[PDB]
Amino acid sequence: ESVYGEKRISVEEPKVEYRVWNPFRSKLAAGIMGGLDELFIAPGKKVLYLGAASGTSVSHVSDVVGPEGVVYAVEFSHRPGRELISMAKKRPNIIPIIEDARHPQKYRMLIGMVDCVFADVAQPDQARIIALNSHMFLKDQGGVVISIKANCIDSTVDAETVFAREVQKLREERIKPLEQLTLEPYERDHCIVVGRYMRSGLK
Amino acid sequence: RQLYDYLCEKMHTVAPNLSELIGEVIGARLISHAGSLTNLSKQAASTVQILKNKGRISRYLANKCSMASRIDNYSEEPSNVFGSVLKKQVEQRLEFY
Amino acid sequence: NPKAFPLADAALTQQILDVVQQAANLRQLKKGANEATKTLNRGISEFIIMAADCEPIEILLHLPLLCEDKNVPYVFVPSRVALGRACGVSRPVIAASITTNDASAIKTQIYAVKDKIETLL
Amino acid sequence: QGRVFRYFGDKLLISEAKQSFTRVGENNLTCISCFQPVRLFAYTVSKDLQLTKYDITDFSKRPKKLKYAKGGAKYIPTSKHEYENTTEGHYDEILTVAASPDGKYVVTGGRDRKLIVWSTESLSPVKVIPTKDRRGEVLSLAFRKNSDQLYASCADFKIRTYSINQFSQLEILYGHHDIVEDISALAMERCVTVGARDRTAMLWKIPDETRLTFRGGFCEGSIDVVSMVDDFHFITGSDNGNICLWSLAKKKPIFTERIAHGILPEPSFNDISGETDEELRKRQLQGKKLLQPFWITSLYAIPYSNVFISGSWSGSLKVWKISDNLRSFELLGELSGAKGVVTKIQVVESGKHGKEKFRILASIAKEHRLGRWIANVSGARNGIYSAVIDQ
Amino acid sequence: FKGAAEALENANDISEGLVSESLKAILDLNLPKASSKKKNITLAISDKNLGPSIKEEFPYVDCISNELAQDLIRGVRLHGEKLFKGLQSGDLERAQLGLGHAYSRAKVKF
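Protein chains in written order, with this note's numbering: chain F, 5 to 207; chain U, 17 to 113; chain G, 3 to 123; chain E, 251 to 641; chain P, 21 to 130.
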């Protein structure tokens with residue numbers, strides 16, 4: 005069975021069903037299909053998603069953390085959230101939150117010590133809505149994968165100024181960006197930003 | 017036989033507009049036909065398919081049964097009257113048939 | 003608490019009807035729910051205009067979940083027959099859809115109404 | 251130029267004037283005009299593609315039959331592509347009939363892009379002029395008084411002028427961004443034309459090739475009806491009930507009026523919801539937001555008067571009285587004798603100069619001439635609403 | 021908790037920002053009485069907004085929501101359940117699945 009209609013392959017060994025990676029549906033999948041150096045998603049560790057509406061992306065994150073790792077989805081909306089509920093009724097890694105992540109301490113007992121966080125939201129306070137997660141839940145030297153939508157955060161200003169402004173907003177919060185990407189032909193005027201939450205040795 | 021009864025009963029509970037416009041057999045198999053009810057609503061009237069009759073009635077009856085699964089999808093408490101009201105629009109077209 | 007949420011105010015509704023009439027002249031307005039579900043499944047739907055006075059209400063309610071599923075906006079307008087004249091149609095219209103066409107004369111007013119739709123939701 | 255010289259608005263008594271709704275044979279009456287010589291006549295057009303002629307000279311009883319002329323599907327365009335549409339009869343959707351102010355020739359028009367003018371006695375055609383355009387569907391007409399000048403409005407943003415005694419076109423006027431629904435004209439060489447959704451109204455000077463702009467703006471989407479009582483001022487009704495008495499002092503009107511005929515019948519909570527819990531059945535109704543205005547489906551003023559009459563599908567043809575300072579108009583009364591879609595209204599006059607004996611005619615239908623445009627219409631059947639007014 | 025539904029009852033006070041009966045009760049034993057205006061017995065909080073609801077329940081207590089407190093609770097998460105020394109019955113990770121999915125079905129409410 006497909007989760008949203010993508011085509012899955014199957015192999016045999018003395019059956020593995022691999023779900024293909026649509027890059028247009030997910031800016032994380034477009035970030036993999038654009039090419040990355042050092043990806044903070046891991047085959048064993050625990051990872052937190054922000055902005056997991058349904059399993060357009062977060063099911064693939066549950067795959068890439070596998071039978072070991074666990075994915076803490078963060079969302080708010082009722083109708084894609086219910087899809088995430090009973091789509092998490094088959095995979096054990098997935099657990100979603102229905103709380104607004106402007107106060108991530110409202111669900112602070114529900115996760116302890118996440119290591120990696122991903123950002124997919126459209127809110128204009130994207131640095132603050134990640135910084136209220138990574139100041140309390142993120143492991144030291146655990147990285148942040150931002151997904152910046154420049155027309156939704158601040159659309160009056162120029163193109164690169166949004167990313168160059170948010171990167172300094174991250175550098176105010178001990179979030180040194182390792183590397184940047186734009187992923188243009190998959191999605192027009194977007195970005196993903198790989199950094200590591202440093203907190204010790206920022207210069 | 018007891019499976020049939022609780023099947024038509026959970027039909028009459030959750031999707032009464034699907035069981036009044038058509039009946040519990042086609043309606044209960046329909047939510048398997050999309051795999052689930054939330055995949056019935058996102059399907060079109062053309063994209064769903066049921067059983068001069070085939071070209072017209074399997075499209076317009078599909079229209080009203082899709083719109084029945086809409087008000088079964090998003091209501092908290094669904095009614096049995098408006099399932100028959102949306103049945104009656106198929107009834108005028110089928111008396112025209 | 004409201005299922006007919008979010009409803010649009012009257013001058014914003016008139017801006018919405020002017021967008022809809024301009025798109026019906028533009029032929030990018032794909033009308034009704036049967037074209038709406040196809041525009042949202044194929045990925046060409048820009049946003050939806052819907053009238054809450056229809057019988058019954060939820061025959062358009064595939065569009066709010068469908069619209070949150072694909073990052074597409076939607077609104078609720080109060081009038082159905084004024085929306086019918088907004089489509090240009092002698093019969094009352096409660097569903098219309100704004101699509102992608104690069105051959106647009108209303109390319110900016112589409113985003114002008116979409117901004118105040120997104121501010122509403 | 252002429253100003254308002256009559257002040258008989260205190261004399262009209264509505265509660266004692268006879269209200270009557272008569273029976274016709276036809277369906278979906280699209281307009282009523284009335285002709286007065288300076289006997290009485292009445293011309294009608296109906297969606298059987300038919301021009302009927304009735305006699306409203308008898309104020310004591312109902313109208314009586316005079317003659318009829320139905321079109322049909324046997325006057326089909328023989329080519330269906332050419333610039334000509336010179337067939338004598340109608341094939342689709344008459345919009346307007348108009349008898350001349352001398353009453354010698356009378357022209358019909360509609361979606362068929364034909365202005366076909368007919369003789370009055372024999373009920374036979376006298377001429378046909380097509381609009382020579384595909385998008386030029388003529389909707390409304392304006393005759394000039396004491397003359398044969400006819401001012402027509404079309405769907406391709408054209409305001410045409412014709413002399414009926416010469417079978418000729420004199421000029422066409424441009425400027426409407428959206429299409430033209432209604433136009434009124436009087437004894438001068440002037441007329442008012444309103445748009446479909448732009449709310450831009452122009453009081454036209456026909457020779458001089460100029461135009462003014464009247465912009466107004468529940469919230470307005472249309473200017474449905476417009477009447478010419480005098481020169482410097484006119485009136486419009488609107489779909490949001492915005493009844494505006496327009497002056498030449500400001501581009502803004504001299505009087506703004508809100509919802510006239512009441513508020514729209516609140517939709518059925520049974521039919522909107524379909525909810526087996528009643529507690530949600532009030533929740534989609536949205537309280538105050540979903541409630542709607544009535545339109546003004548007809549507006550008509552007797553020329554150079556202080557009284558003008560509004561008509562809607564509410565079932566209330568509400569007559570309003572303008573005061574002597576010409577700055578505001580005020581409710582005079584209501585007319586509930588017939589209900590339904592009121593498409594066109596003309597009042598005919600008789601008597602002395604002192605004592606005026608009237609008869610209002612309104613064209614009562616189930617749907618408009620311009621469209622269907624209706625839901626939960628109550629108490630409507632096709633016919634002619636007559637009113638017998640004395641003093 | 022004696023159940024997982026009590027965890028639902030408690031997270032439906034946390035996610036609002038209210039104090040449960042037990043959330044009051046553990047501190048009445050664990051934090052015995054100091055003075056009310058000075059020299060207050062001081063607990064560290066990770067949530068600010070519950071702080072007023074805590075101080076309503078306790079008059080003589082200093083409720084601190086600081087970055088040092090955030091570092092202490094973050095480090096307690098870092099070294100996890102191992103600072104319980106046998107008292108953690110079972111594992112945290114099996115509890116997180118049931119708590120997240122049950123609180124999720126509480127909020128979406130279908």
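Where hints are given, some of them may not hold.
Stated by the list, open to error - Here are the simulated SDA-like cross-link-like pairs (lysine to any residue), alpha carbons at most 20 angstroms apart as the crow flies: (1) P:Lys129 / E:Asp527; (2) F:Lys93 / P:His121; (3) P:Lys129 / U:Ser52; (4) G:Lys116 / G:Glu57; (5) G:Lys72 / F:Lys110; (6) G:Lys33 / E:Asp527; (7) G:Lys33 / U:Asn79; (8) G:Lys72 / F:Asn155; (9) G:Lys118 / G:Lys40; (10) F:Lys93 / P:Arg114; (11) E:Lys616 / G:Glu120; (12) F:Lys110 / P:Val96; (13) F:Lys11 / U:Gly51; (14) G:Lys40 / U:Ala60; (15) F:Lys153 / G:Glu120; (16) F:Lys143 / P:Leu112; (17) E:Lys532 / U:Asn96; (18) G:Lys72 / U:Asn55; (19) F:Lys49 / P:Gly100; (20) U:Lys58 / F:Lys153; (21) F:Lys49 / P:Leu112; (22) G:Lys5 / E:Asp398; (23) F:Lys153 / G:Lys5.
Note that these hints are calculated values from the structure, not bench results.
Here's how the hints hold up against the structure:
For the hint linking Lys129 (chain P) to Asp527 (chain E), the alpha-carbon distance of about 17 angstroms falls within 20 angstroms, and the restraint holds. For the hint pairing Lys93 (chain F) with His121 (chain P), the CA-to-CA distance comes to about 9 angstroms; that is within 20 angstroms, so the pair holds. For the hint linking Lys129 (chain P) to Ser52 (chain U), the alpha-carbon distance of about 18 angstroms falls within 20 angstroms, and the restraint holds. Distance hint between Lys116 (chain G) and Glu57 (chain G) is unfulfilled; the C-alpha atoms sit about 26 angstroms from each other, more than 20 angstroms.
Among the hinted pairs, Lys72 (chain G) with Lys110 (chain F) is inconsistent with the structure: their alpha-carbon atoms are about 28 angstroms apart, more than 20 angstroms. At most 20 angstroms may separate the alpha-carbon atoms for a hinted pair to count; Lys33 (chain G) and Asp527 (chain E) exceed this at roughly 32 angstroms. About 15 angstroms separates the Cα atoms of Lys33 (chain G) and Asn79 (chain U), which keeps this hinted pair within 20 angstroms; it holds. As the CA atoms of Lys72 (chain G) and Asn155 (chain F) are separated by approximately 17 angstroms, the hinted pair is consistent with the 20 angstroms bound.
Distance check on the hinted pair: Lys118 (chain G) and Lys40 (chain G) sit about 25 angstroms apart at the alpha-carbon level, beyond 20 angstroms; violated. Proximity of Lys93 (chain F) to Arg114 (chain P) is assessed by CA-CA distance (about 15 angstroms); at most 20 angstroms being required, the pair is judged to hold. Only pairs whose Cα atoms come within 20 angstroms are accepted, and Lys616 (chain E) paired with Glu120 (chain G) is rejected, the gap being roughly 40 angstroms. Our distance criterion of 20 angstroms between C-alpha atoms is met by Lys110 (chain F) and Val96 (chain P), whose separation comes to about 18 angstroms.
Simply put, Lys11 (chain F) and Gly51 (chain U) have alpha-carbon atoms about 17 angstroms apart, close enough for the 20 angstroms limit, and the pair holds. Our distance criterion of 20 angstroms between C-alpha atoms is met by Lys40 (chain G) and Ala60 (chain U), whose separation comes to about 7 angstroms. Distance restraint check for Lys153 (chain F) and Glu120 (chain G): the Cα-Cα separation of roughly 15 angstroms lies within the 20 angstroms cut-off, and the hinted pair is therefore satisfied. For the hint pairing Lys143 (chain F) with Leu112 (chain P), the CA-to-CA distance comes to about 17 angstroms; that is within 20 angstroms, so the pair holds.
Simply put, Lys532 (chain E) and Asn96 (chain U) have alpha-carbon atoms about 18 angstroms apart, close enough for the 20 angstroms limit, and the pair holds. In summary, the hint linking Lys72 (chain G) to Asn55 (chain U) is supported, as the alpha carbons are separated by about 14 angstroms, within the 20 angstroms threshold. Under the criterion of a C-alpha separation no larger than 20 angstroms, the hint pairing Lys49 (chain F) with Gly100 (chain P) is consistent with the structure, at around 14 angstroms. Restraint check: the Cα-Cα separation between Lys58 (chain U) and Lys153 (chain F) comes to about 26 angstroms, which exceeds 20 angstroms; the hinted pair is violated.
Taking the CA atoms of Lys49 (chain F) and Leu112 (chain P), the gap is near 15 angstroms; set against the 20 angstroms cutoff, the hint holds. For the hint linking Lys5 (chain G) to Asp398 (chain E), the alpha-carbon distance of about 59 angstroms lies beyond 20 angstroms, and the restraint is violated. Distance check on the hinted pair: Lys153 (chain F) and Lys5 (chain G) sit about 30 angstroms apart at the alpha-carbon level, beyond 20 angstroms; violated.
Of the hints listed earlier, those the structure fails to meet are numbers 4, 5, 6, 9, 11, 20, 22 and 23, in rising order.
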